Amino acid sequence: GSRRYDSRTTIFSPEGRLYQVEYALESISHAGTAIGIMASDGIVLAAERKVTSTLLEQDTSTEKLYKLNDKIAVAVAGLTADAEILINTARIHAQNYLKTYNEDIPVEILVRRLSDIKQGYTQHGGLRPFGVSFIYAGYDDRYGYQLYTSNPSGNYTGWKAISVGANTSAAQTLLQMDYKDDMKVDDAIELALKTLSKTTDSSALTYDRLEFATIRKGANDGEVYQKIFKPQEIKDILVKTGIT
Amino acid sequence: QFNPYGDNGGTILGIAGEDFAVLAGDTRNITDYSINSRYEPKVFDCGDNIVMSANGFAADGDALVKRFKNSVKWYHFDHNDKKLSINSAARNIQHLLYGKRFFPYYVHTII
Amino acid sequence: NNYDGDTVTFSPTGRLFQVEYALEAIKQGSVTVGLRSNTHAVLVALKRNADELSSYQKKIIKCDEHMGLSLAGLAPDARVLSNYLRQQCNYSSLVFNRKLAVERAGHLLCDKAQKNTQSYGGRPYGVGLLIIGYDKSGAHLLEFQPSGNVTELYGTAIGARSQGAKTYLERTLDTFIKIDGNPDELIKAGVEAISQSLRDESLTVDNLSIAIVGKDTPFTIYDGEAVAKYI
Amino acid sequence: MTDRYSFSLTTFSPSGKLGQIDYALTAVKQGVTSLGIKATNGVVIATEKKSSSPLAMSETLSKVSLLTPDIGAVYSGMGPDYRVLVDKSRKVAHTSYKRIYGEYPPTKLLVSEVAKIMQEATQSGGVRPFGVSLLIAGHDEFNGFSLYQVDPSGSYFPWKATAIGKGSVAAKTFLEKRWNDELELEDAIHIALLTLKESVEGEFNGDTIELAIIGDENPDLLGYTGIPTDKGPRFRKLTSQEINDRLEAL
Amino acid sequence: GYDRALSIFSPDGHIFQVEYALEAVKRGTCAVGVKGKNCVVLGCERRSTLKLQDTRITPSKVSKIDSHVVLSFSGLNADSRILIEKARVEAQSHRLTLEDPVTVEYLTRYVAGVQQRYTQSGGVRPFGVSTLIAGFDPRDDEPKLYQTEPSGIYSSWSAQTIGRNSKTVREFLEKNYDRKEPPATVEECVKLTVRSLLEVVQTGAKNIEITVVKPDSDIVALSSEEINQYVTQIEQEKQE
Amino acid sequence: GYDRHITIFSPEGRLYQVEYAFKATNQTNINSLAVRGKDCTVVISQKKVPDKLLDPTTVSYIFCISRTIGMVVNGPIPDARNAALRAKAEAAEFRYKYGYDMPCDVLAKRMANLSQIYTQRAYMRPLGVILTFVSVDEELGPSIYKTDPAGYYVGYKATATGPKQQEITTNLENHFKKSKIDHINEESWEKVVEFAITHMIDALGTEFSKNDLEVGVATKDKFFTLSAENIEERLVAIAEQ
Amino acid sequence: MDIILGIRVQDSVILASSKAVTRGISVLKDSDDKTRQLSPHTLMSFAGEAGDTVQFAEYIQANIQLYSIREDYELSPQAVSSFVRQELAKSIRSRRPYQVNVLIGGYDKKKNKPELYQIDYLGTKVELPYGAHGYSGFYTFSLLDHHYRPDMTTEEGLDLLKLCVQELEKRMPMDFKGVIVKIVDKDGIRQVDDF
Amino acid sequence: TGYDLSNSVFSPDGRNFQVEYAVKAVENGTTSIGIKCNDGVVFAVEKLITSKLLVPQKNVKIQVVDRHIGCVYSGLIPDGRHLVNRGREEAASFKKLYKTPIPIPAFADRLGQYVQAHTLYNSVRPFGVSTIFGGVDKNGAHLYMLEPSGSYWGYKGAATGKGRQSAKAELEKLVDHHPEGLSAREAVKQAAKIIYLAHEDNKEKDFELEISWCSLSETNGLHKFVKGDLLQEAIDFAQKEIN
Amino acid sequence: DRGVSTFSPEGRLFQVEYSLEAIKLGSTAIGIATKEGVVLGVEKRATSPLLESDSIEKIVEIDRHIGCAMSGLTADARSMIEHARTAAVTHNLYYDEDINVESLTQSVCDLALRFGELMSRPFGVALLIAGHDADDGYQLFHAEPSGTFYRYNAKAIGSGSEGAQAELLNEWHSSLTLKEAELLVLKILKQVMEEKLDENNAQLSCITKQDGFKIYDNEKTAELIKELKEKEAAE
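Residue numbers (the deposited numbering), protein chains in the order written: chain P, 1 to 244; chain Z, 1 to 111; chain S, 3 to 233; chain O, 1 to 250; chain Q, 1 to 240; chain U, 2 to 242; chain X, 1 to 195; chain T, 2 to 244; chain R, 1 to 117, 125 to 242.
What the hints contain is simulated information worked out from the structure, not anything from laboratory work. Any given hint might turn out to be false.
Claimed, not checked - Distance condition first, Cα-Cα at most 30 Å in a straight line; then the derived BS3-like pairs of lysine-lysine:
#1 P:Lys198 with Q:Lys51
#2 Q:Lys26 with R:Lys44
#3 S:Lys138 with Z:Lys66
#4 U:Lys158 with U:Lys211
Claimed, not checked - Quick partial rundown of chain U residues pointing at chain T, CB under 8 Å, derived from the structure:
#5 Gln28
#6 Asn30
#7 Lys53
#8 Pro79
#9 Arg82
#10 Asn83
#11 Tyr124
#12 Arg126
#13 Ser210
#14 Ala229
#15 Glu230
Cβ coordinates follow ideal geometry from the N, Cα and C atoms, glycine included.
Pulled out of the complex, with its shape left as it was, chain P reads as follows:
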């Protein structure tokens, strides 16, 4: 019968590793680097686009940064198409919670569920896992600002600052070296860009090869605002930190 053509996506190696998870992680390591940094007064998301062309429409684009609800966003590393499947799930999950409890969903709860879905694909159903790692940036009135990452295994962990995708080893060392706890948002913005600048595989860092976002309470009083940066705004913040 058909058994002959079955890869068996959900089995252990003799070392006790999930082959497909491992290989998906290998896949993700060639994806454009994404960085999240959490400050006392906000969160930065910054990501590098896969080697853009000059004729690509840059302003009406979305490859790396996505909005889940008004309080939560994600940075993506891996297959975009896979990520959008999971994003719409997460969006629906957020709305079910709001409808049920008349309260915005706590950041972790959304992250846990999305991670649980990924986990399922590694244990049953014989399908390939999603080739995606997320950085979740969000706010709720229990833990305030939070960063999380989840990967194809369905494992998630919380962070002060973290990178996913390409060159995470180099990227993490540089963040570990300059990160401080009292740090403000605008310093994190600088750290984020200065890190990508050093870890990119490109000749130099330019506005057109970047997506950028912040989550601050720097709107008006006890209420949170998400800012997905326009291309001009990224060009400005790049000059403002003298990287160009």
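Once you have looked at the hints, place chains Z, S, O, Q, U, X, T and R on chain P.
Quick look at chains Z, S, O, Q, U, X, T and R alone, frame taken from chain P:
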């Protein structure tokens, strides 16, 4: 409207002695004011020394007896030809009847 | 070799190795003999214990009052097939008030065994059966193989070393076919036939199993002290 | 019987590639060139109508397809995969949008829906990926004119201008040289025809070239009159004759 | 649906997928449980290749199933969430139908059954997780500690460890735990637990977690300093 | 090398099972041809009855799908009949649902989509056949539409299929290069059938008796096959020319 | 069932709920507690169809207790009341709908405010200073309209409740066998044992 | 390669080897034939008598479908039974909806499509039988033969199994020597001979002959078995012609 | 691979034969049937001194008249026990009587071959089912994952079984008393066990018509262990 039940009349009677028991019933079968049959027996030997009658609506009575005799058959098949005791027969019949709790067999059963 | 992974694969010469391997389990099974006259049909079965501390695996199953079988090979498969047979016999009685023809019983088993040989994931039945019965056209003996092939016979045997019994019955044919209206003489010829298949062991009292069905005889099994008469 | 293939046929190799997506892209690579260019007041999508035989009637084979009145598609790769995608794309524009909101989906969202269908063929049990890349050009009130590319993986990107298939590498270089953000629709059509002549080997005329635009509303193509707010489809397929007119002035 | 038998016997009578699940447990961070006279203590190693971790929000290694029972584990983290969720749902279901919270043994038997089920079901792999489950039965002061593993077998332990280098720390507990005298206080019990982790961990910095469970739903996590004091104290008496 | 056993891509983006289904298309070693008149569409196919024990009348690769649609098949008969039965069911359902007769080109597309599905879905094998659909459509006029195991389809001025297809194709191409038009400029279908058989003979370089051929004709509102006697009458007319 | 009242005062929510359980012409029980603690600072009283009331209450209770464990956090009264409303709203279009009316009295620890929610079997939710289900309201709403103030102390709330129960004992046709009273404030839930 | 291990896989020639392997199982079986005649059809089959223990006349191989159709087959017997059970279901449902008994060409395709269906997937095995069948309907007599591939045609005469070539040659003679038509009683005789002539290729074992027929005049259009004096008459005619 | 339900060329089911290999790796379990009762005994075999030995539960009650000992992948037995208990209690509900030991055993054995591509693999555990009924008296059954069950006068299963069974062949006769059988199980367990037999690392039980099925306390067994040491030094 279709009425799935009817009343076939008749009456039955069981008495227990010290080392015997009798189960009797008339052989008349009726609907309304008509006789269907003057001899249609409704007391049956079911094997294992059990006799049974299910009086009331004949079609349900026959269905039940048929099912019970069949129960005796399979009791042998499944339990090394063991004899079905009268108390065990009784309990088995309870489950046959109550299995149709929401669409009952219209019968008074005696064994 | 390359073509024995499952029942759904033909070999290049047109063989079904999984069915043939199923046939092989029958050959390892303990011998059982079937034969009939025009008034009775008889099964004799050599039972097999595990050691000196164990029971002797029963080989004969009653299907209805007028029908039953003996088994060689996987016992659980015989349980499934005999159960199916009991249901078909029963269905025939309850619905039609008609005892199931031994011939129809055979057709029904063939078709049930066949389904397991043409689809993915299943396996063939690993058991052979000898069905005896007395119906509206007299005494009958059938041989069931899990290939699906069912054959009507005067006499036969299946299992390990059944070949001895099979040649004896082939020689004894014109004698036993006419043991009409004598129960114990048909059983004697069955016991004589099954003896042609014994090696380094003789028929004991908890070793031998006999069944008889016929004109004025419900299918019934003899065991233990009730077979001592025949050793 | 039935599908016993409930497991994925596309899986990660140890190096992290997804083989079947890669190979689907290779099939797109062999496909005949097609392209799209975005002007300020329109979009143009074009492709070669390379024929199977001169006995075949290539009018009956449409490589450029209307999806909604303001959205059109063209492709490179395996035609029959494209054909069923157009069928599904048309239906999904109704079932998951028009039947809900009473209007047609905006370009980006319909593209998103097509991409989803293609992604699912990259992960679902017992299927291979689609062997095509699509270029989808459209207009909607709030986003204006747009042009998207959808790949076998389900990925999509917006473009000012691009090409796919056989001679894409040359064509993309050509388009970079001639594109600007002030192109008027007629200019883009002329650039499209120029780019396509490089990749076309044999005859180059109105019968060997298929070409459509997303531009102005066409009330003459509506079918009826009397509702001011309905002004007609923005999608229009240029006639064999219309293409030839622009080939003299090439 | 997907049917494949992934857990099957090999010719030597081994189910490799179950055994490969144990390999994943082996790679997991160490976990240990020790029961006192009057308490159970669950300690867990935390690998220090991860700094810049946010420990307010990062998943804790010990989890409450109910207010009186806790579960820790070694192996795949994502797998463990599935078992914890089921156990928590079962805990509430038990209270609802029996009008009594679960016994630790019952809750263990349940989690073990789920794991077992996944070793002979089509289309699924076994859980790459072994658990330590501990607490106190309702209205009972005797402490309980159980261990489950991917095969589905479960059992009671005076003290036990799982995960990487758990053989080294089982060695330690085997020489350092007297059956005739269990650690008579909370203080004593937590000490023996931290001591055993220090055979394997490193500096006991952000590297050791301790959770202390006492009768009548009395459960608390120790903070860095509280643990640090045990770390600092153990080392001074050590230089001998 | 299991990428050659099921319909998944090979490293160079090919589908081998689809390609091997095309090779099964020629297994019967029969050639077919279709042409359009003014009023009609004619399809002719070789008829070879090797065994003397066969009933010649039951050997056919032309099917009447609907009252108006005819279909000729190049490939093994079991797959051909499978394709025929489905198309009949599809054309009948279409009429029931939409209140008008299924057009040739639409039926062709539907069968093409069904075929595509077997090229993408793994548990389904492609049918080893090529389907040439013919009619006189009420909107489009005389029509030829052809489907293959890849799910490809297109309309034709005329076409041929089989082992010697290329000879027949170039023969027909050459005629239309000359004739300057899309069709056989002929009044009666009888003469279009005569044209068809004539160019079949030139292209193949063989002569035909009445039992070597099989002919189907589509006219306004009906499709019909010719009998051996109708073909004999047609062959006689060709001889006397 | 029958009588369930609630009053939110300055710092707490008080729930009074009748003690009788009557079936036919027999009062089977005169000490029935028609309430369940959903979380340490949230209490739900209930009245309606026999069997349905408790089954529903306990089902909600289990769900909230499950949430509490999973998230190691107490859900706000608003969120619990919304969860409860959604369950009832599902039920009304069920094959057999739960016929249960509830009052949810909670203390929100983030806001430091008491909150009272009245929800009927249809899933009609309203936040109120005081609430009643059934015929109770026909007497108590007018009485409370008059004597209620938003800044009342827990003690004043209890005296206002005595006045309600007295009016119900005067004019209600049936003997509801007095009420069990519970207070929900910043320190949790406690029962007054002499009313 | 490995193309022959899975059913429904095209080889690079364009063949499905599993169906070809099924044909080998057919070629391995006993011989069976069909002869179309003036107003009917005749079926016969060779039944190898393996041993004296087989009850003669009692292992019937020919099967009736509905009241008017006979089927006989060579190869895996249970596969043939399965196919006939399906044939019976198909004829029952045709009669249920359309009232008229199923026409023979119509019936042929029901089996054809069903068998062809067993070459479409790797999860089933092809049928290991060639089936000769036919009968009489409102358009006269029809004889059909159907292979594991699902391929079938109409026949003047047909044969399959170990002795197919022998029988075929013998059948081709009859077709040449009787262009005007063979009669029912005639064909019964001829069938007996051909089975005897084709038994040379299976001659270790001796056999039992079995014949059936549908003729519009001789059996009223219904399938009946040939027994008693008429069978012995045809057995004898065959005994003549081998000697 | 190859189908989970495949036959070998010798006509045996691969998966069934392989489960038999896992049962051989199991801890030893022994049962002996007598006219005064059936005795079941097991080697507990704790993997470390820290594991509390009374939590090892390889002897199990099915009904008051039926008990069970296991050997092999013991986690696989939980659902077999659960089925057994449900079958027995259900039988009593339908028939107002005790369920026959053989019928019980048959019901359990029906589960066993219900595997393939129903559960994903055979069971990796063998059971000694022991009980009493009024029709056939005291009985001992050995239920394998092949779906086959044999009645035994005495039987050993597990790693020590081939040695133990030869030992049981000599010692068993038709007139053993209950006390004799208890000592005999203890004796043979001590022989085949790796570790030294005592009241903590082995366990006893029996089923009598009068008192039903009972597991023995560690105190009670300790005294039978002392008693056995005394009988054997004394010749």
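These are the hints, each one checked on the structure:
{"no.": "1", "hint": "P:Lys198 with Q:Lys51", "verdict": "holds, 20 Å"}
{"no.": "2", "hint": "Q:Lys26 with R:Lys44", "verdict": "holds, 25 Å"}
{"no.": "3", "hint": "S:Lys138 with Z:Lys66", "verdict": "holds, 23 Å"}
{"no.": "4", "hint": "U:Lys158 with U:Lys211", "verdict": "holds, 26 Å"}
{"no.": "5", "hint": "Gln28", "verdict": "holds, 6 Å"}
{"no.": "6", "hint": "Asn30", "verdict": "violated, 12 Å"}
{"no.": "7", "hint": "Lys53", "verdict": "holds, 5 Å"}
{"no.": "8", "hint": "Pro79", "verdict": "holds, 3 Å"}
{"no.": "9", "hint": "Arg82", "verdict": "holds, 6 Å"}
{"no.": "10", "hint": "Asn83", "verdict": "holds, 5 Å"}
{"no.": "11", "hint": "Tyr124", "verdict": "holds, 6 Å"}
{"no.": "12", "hint": "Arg126", "verdict": "holds, 4 Å"}
{"no.": "13", "hint": "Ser210", "verdict": "violated, 18 Å"}
{"no.": "14", "hint": "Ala229", "verdict": "violated, 15 Å"}
{"no.": "15", "hint": "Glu230", "verdict": "violated, 18 Å"}
The structure is inconsistent with the numbered hints 6, 13, 14, 15, although it conforms to all the rest.
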